[PDB]
Amino acid sequence: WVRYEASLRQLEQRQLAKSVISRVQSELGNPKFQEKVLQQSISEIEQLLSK
Amino acid sequence: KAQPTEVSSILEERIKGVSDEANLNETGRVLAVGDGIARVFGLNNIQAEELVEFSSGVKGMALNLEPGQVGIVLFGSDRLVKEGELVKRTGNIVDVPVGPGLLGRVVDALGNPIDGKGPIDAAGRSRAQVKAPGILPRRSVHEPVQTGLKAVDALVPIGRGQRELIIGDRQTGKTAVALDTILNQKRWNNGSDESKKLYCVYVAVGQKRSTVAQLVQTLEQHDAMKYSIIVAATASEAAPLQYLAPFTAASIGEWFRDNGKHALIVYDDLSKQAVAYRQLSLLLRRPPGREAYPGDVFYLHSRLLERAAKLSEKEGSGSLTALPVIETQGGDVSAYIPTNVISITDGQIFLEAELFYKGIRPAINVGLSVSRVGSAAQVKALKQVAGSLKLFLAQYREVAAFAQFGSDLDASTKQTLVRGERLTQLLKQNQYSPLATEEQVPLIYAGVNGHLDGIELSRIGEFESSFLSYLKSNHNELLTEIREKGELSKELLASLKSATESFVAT
Amino acid sequence: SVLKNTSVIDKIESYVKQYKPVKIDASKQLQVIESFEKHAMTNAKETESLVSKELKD
Numbered sequence: 157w158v159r160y161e162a163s164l165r166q167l168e169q170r171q172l173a174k175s176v177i178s179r180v181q182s183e184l185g186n187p188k189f190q191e192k193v194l195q196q197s198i199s200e201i202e203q204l205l206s207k
Numbered sequence: 004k005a006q007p008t009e010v011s012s013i014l015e016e017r018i019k020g021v022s023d024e025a026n027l028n029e030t031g032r033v034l035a036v037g038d039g040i041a042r043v044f045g046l047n048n049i050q051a052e053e054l055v056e057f058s059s060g061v062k063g064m065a066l067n068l069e070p071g072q073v074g075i076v077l078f079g080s081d082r083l084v085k086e087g088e089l090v091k092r093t094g095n096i097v098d099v100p101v102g103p104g105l106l107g108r109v110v111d112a113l114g115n116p117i118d119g120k121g122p123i124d125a126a127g128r129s130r131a132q133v134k135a136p137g138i139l140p141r142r143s144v145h146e147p148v149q150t151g152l153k154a155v156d157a158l159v160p161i162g163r164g165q166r167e168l169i170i171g172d173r174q175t176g177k178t179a180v181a182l183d184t185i186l187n188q189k190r191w192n193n194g195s196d197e198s199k200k201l202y203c204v205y206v207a208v209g210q211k212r213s214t215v216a217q218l219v220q221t222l223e224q225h226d227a228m229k230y231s232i233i234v235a236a237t238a239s240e241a242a243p244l245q246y247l248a249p250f251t252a253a254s255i256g257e258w259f260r261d262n263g264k265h266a267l268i269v270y271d272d273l274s275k276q277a278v279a280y281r282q283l284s285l286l287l288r289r290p291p292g293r294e295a296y297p298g299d300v301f302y303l304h305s306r307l308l309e310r311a312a313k314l315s316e317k318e319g320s321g322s323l324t325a326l327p328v329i330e331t332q333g334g335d336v337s338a339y340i341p342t343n344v345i346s347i348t349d350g351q352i353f354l355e356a357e358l359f360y361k362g363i364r365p366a367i368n369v370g371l372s373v374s375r376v377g378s379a380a381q382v383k384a385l386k387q388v389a390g391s392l393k394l395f396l397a398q399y400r401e402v403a404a405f406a407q408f409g410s411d412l413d414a415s416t417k418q419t420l421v422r423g424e425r426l427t428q429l430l431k432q433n434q435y436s437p438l439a440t441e442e443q444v445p446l447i448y449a450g451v452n453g454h455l456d457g458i459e460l461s462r463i464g465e466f467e468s469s470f471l472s473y474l475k476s477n478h479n480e481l482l483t484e485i486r487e488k489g490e491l492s493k494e495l496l497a498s499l500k501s502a503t504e505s506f507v508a509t
Numbered sequence: 060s061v062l063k064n065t066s067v068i069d070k071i072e073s074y075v076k077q078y079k080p081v082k083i084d085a086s087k088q089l090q091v092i093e094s095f096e097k098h099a100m101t102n103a104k105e106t107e108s109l110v111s112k113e114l115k116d
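Protein chains in written order, with the entry's author numbering: chain Z, 157 to 207; chain B, 4 to 509; chain 7, 60 to 116.
Misleading hints may appear alongside valid ones.
[As the list claims (entries may be wrong)] Incomplete in silico selection of chain Z near chain B, CB under 7 Å:
| no. | residue |
| --- | --- |
| 1 | 169 |
| 2 | 171 |
| 3 | 197 |
[Unchecked claim] No more than 20 Å apart at the CA atoms, straight line, and that leaves these computed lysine to any residue pairs for SDA-like:
| no. | chain 1 | residue 1 | chain 2 | residue 2 |
| --- | --- | --- | --- | --- |
| 4 | B | 19 | Z | 203 |
| 5 | 7 | 70 | Z | 159 |
| 6 | Z | 207 | B | 434 |
| 7 | B | 361 | B | 434 |
| 8 | Z | 207 | B | 94 |
Derived by calculation from the structure, the hints in this document are not laboratory data.
Every residue gets a Cβ at the ideal spot worked out from N, C-alpha and C, and that includes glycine.
Here chain Z stands alone, though its shape is the one from the complex:
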């Protein structure tokens, strides 16, 4: 039973990773990269202004 539990736990992370692939595909497919570009610009501006 414990071994079955350990294997199912690994199956959980594997399935999470498999759905994470679709989640990543969503990020490119949705143009939230447009909503991400301004965030990238602001973060880089803050980083350069840090020092």
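Fit chains B and 7 to the given chain Z structure using the hints.
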């Protein structure tokens, strides 16, 4: 796993902080990569021998800080890596996640856990190449230990910091000799005694991962993983990983012994480590040296072994005794790596090819094997009383040396031959059966006192077991004292003689 | 506890505790022991008396 989600959030928060404080504008771009070595431009201010973090995910050490093109080997597969990917300077010399928590965990090159048990705590992450203690911070081998298997061990001890070495052919099970040696960290370590503690840390330098699984299972079943940290480097793993692995074991040994407790180590097959150094040198740009192997083979081997020592009470009187294991082809004692290492290590136990199929599961060449400290740091049972038994071991080995085709000059030589041959058929401590500091001297003492020698040679294979069990359940006080009193006194010798009479009787 | 959804650790422990006596011992030697003792003791006493008488003779 909601905990996996929390771990993902924490790691991505760390990554967001890293991105916000990238501080990487002129950091290097990998110009080219191959054979686990990546030629990378830029990185204009990278401190030498500092890990470099690469975009493809696999990191690697930076060895040759050549004029301009700073050479960083890839500590991982190349199918991911590619030229031009950004190279991020980790800013730190290669350091290994080290500390007492790694117990029972199999860690990758720098210390990445590989079993699948998650994080293991750290009591310090020190660089993989530490400077060993010199003269004053060093000390003698004043505290002995047990090799577990009798394994010609009372003959040639393995004491505090005794840098012993081995040798053997392919599939010689010298690895098994190591494993049994480790298992002895259950009759002292599994108690509560730090002075008896010798917290072993095996290594896995370039072995088939199936053999790694076999080692892990044999560690768990006999309950060894409670006291052995087995750093792993797969054959499928990349060359820089295998090369750096012995340095990682050195780091773990420092993290343990430097704390002040007497610890031990046993490097895996180090011939694979040498082959890895060969790959690292002959593949990056460095011209080859003697025996077609890289020139600094001795340098690397020493920097591994020389880390092990037995510091003085000034440093806590702790020690990191080491049992580096080297491999040859055809049991070749005469080789560049073998002979050069045998100069570095202070003890040798030669495992042959014939005897490996001829007469002994141990098959340790007693005459060939030697250790540079027999008196100082030997089992006080095996010397303080049985020192004559040690000289008798040397004498009987010399006796069996001449036992090939000479005639029967007298009866003295023949008697020595028969008794010593019964002794040799006896002394092989069966695999994964470490049980020693209780009747070690008994074999030679009974042979000279004529207790076992009167038994048939073949029958000894069970006669010894019966004698041991009789000492256990019948001579329990005397046997337990020999375990604990630390010496087999003349009175204890007489009581053991009585127990020997009882064993001969029943 | 290491098995979060075993759903049988309760049942397994139940069977374990309820199987405290799988069976009993068998000390059925209560007259066989007596008869063996009687035969052995009578024979040995006859032997010892005979030996003493032989010593005297």
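The hints, checked one at a time:
| no. | hint | verdict |
| --- | --- | --- |
| 1 | 169 | holds, 6 Å |
| 2 | 171 | violated, 11 Å |
| 3 | 197 | violated, 13 Å |
| 4 | 19 (chain B) <-> 203 (chain Z) | holds, 12 Å |
| 5 | 70 (chain 7) <-> 159 (chain Z) | holds, 18 Å |
| 6 | 207 (chain Z) <-> 434 (chain B) | violated, 64 Å |
| 7 | 361 (chain B) <-> 434 (chain B) | holds, 16 Å |
| 8 | 207 (chain Z) <-> 94 (chain B) | holds, 18 Å |
Going down the numbered hints, you'll see the structure goes against 2, 3, 6, while the others check out.
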